[PDB]
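Okay, so here's just one chain, in structure tokens, the form deposited in one PDB entry.
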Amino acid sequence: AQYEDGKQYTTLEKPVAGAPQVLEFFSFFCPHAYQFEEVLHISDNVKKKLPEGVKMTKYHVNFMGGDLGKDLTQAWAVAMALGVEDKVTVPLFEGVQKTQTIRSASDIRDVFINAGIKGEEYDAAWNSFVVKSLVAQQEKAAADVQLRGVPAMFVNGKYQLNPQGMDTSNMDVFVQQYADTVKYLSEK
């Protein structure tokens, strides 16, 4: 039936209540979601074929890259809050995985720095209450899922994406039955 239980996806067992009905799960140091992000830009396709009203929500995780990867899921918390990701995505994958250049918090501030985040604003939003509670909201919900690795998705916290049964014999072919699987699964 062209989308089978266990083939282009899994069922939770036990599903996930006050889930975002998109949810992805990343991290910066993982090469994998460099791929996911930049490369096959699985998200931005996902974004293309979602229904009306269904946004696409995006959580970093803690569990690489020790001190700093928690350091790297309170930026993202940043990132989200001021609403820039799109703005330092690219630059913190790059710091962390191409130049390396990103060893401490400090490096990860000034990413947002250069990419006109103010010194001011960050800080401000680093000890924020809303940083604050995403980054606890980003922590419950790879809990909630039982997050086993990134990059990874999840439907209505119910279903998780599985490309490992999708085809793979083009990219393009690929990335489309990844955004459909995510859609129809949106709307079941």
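Definition used throughout: the rigid core is the maximal C-alpha set that superposes within 1.5 Å between two forms. Positions refer to the first chain, counted from 1. First, how it differs from the form deposited in another entry.
- Shift analysis on the rigid core between the two forms singles out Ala33 from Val46, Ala33, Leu161, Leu134 (C-alpha displacement of 2 Å or more).
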Second form
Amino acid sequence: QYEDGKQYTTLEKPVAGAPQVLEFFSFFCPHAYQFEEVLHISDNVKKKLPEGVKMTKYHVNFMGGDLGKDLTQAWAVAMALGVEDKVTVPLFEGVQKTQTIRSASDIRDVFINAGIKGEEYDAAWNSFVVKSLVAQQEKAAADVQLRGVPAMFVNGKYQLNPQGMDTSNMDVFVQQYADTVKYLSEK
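Can you swap the form deposited in one PDB entry for the form deposited in another entry?
Partners and other molecules omitted; one chain follows.
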């Protein structure tokens, strides 16, 4: 069964005060099929978790310059507003599929087209809460010495290792991934 080095690995230096389950992603990478695939795995991780054990998703800027900084801030906004599930897909499609997101107002347009009020978006963008969420996202990624996405960490201590899981079958892989997160969350 378990063992460090197979289904997960142990951080040599644990992050104190990290979310209990922390997933990192980027709107730029991976691309369509592989991004949708991570989303489905994440969903099943979420469903199959203990009692009040919360899943947190942070945005990371690999190679995105100003637009990626702005997406990390807009992700802080989506977390402040509680609208993560209304914006994920339009932001991902806008960045990658239609390529209609190239500047900060295009991101804002996505929120307005998802039913968030313009003035609420602006008030959030400028808030101390959003400033702090931006800093939190950046600091977590440097604390885990983040090398690439997707990635998932539990209790600031264990990194999921999908390469030490069976990929021959998709549901076997997905349920082993979700079960490993659950097992780790109790460890």
